[PDB]
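There's a structure below that I have some questions on.
Here we show just some of the chains, and they stay where they sit in the whole.
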Amino acid sequence: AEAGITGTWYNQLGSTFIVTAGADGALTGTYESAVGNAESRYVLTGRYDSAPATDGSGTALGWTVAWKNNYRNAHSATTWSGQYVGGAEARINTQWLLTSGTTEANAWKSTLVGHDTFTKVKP
Amino acid sequence: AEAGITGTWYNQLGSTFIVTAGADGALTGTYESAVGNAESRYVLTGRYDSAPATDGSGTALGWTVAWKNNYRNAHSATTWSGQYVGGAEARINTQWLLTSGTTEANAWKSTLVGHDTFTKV
Amino acid sequence: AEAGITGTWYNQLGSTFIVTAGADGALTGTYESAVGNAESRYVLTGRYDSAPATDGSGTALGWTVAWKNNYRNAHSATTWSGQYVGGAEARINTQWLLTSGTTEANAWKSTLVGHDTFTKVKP
């Protein structure tokens, strides 16, 4: 459901995710991180399944944030891959990958992996 | 480096990805996979660092593909996170996460992880 | 601390992890999973940092379970990588990789990734 996803969400670290789910399966919005070499809002773009299953299955989605805005550039990008689970307590459960640009030599230590859970607050 | 991300790339599995990199960090294009519950092209959208470091570092990027098009709906989405390295042989080294929408019961087994390397060859 | 780690632990899915931390950095014990093509106990082996930092840092560790015992064989193995955090509420926070043996053709869909949190019950 696009409307289900559309809104303001927050995760356990205190980050803000403002997203709009478009009818063609598009996701656009802004991300505000509570951690890292990150200041202010960052543009996010993603995709979700706009025709999910009619049973109790989550809606698959994913989005990317490149950590560069007009104030900072961390030379890194995070992709979140997960599912939206609707109900009274709507959640987005994700696993993420954070890759930093590196020299060829340090490429083996370029990617962090973790997981985030988002709770919806507003539309 | 420079507009070099724009182009048609191919990975080890025969998948093709056509992308346009916008001056300000946007990535847009299509993806056509050769594996999984996939048939035809799919829209892709992502972001990349449009001001990378001057030292010899790669360009951080990432993109998403929801596997639903007019033909098929696999109820899943893959995100690729990596970095582009230009030169005589430009390549995009990535790690990816593929999440399938599941019931809560099967949520523990909802995400696959792998790696793909793309070249313009 | 070996004694801190040694004991009975359980995670959010209802699985049991019985482990002994040896003085040389070794971990041995048994795992009982509440999910998958898994029945009864399985042998686990792992390693942990037996000389961790004197500040509030967790203790790094990891272990493997090959899902084959005398009753079942799932042809798969899981490795858990994480940290032990001591206190009154001792936890082991992990991220895991589950690889299934596959044909070359299906190798791209051989590995699942997830995360588990363990709470200690007994010594």
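Each chain gets a letter, A, B and C, in the order it is written, and its residues are counted from 1.
Throughout what follows, a residue touches a chain if its C-beta (ideal position, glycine included) is under 8 Å from a C-beta of that chain, and two chains touch if they have at least 3 such contacts.
Whole-complex tally (this structure file, single sequence, 3 chains shown): 4 copies.
We take it that only the chains that are shown with their structure count from here on.
Each chain gets one centre point, the mean of its Cα atoms, and the points for subunit A and subunit B are 16 Å apart. A separation of 32 Å divides the Cα centre of subunit B from that of subunit C. For subunit A, residues that reach two or more other chains under the stated contact definition are 95, 113. If you check the complex, the residues on subunit A that touch subunit C are 95, 113-115. On the side of subunit A, the complex with subunit B involves touching residues 24-26, 43-53, 55-68, 73, 75-83, 85, 93-104, 107, 110-111, 113. Looking at the complex, you find that subunit B touches subunit C at residues 13, 35-36, 97-98, 108-109, 111-114.
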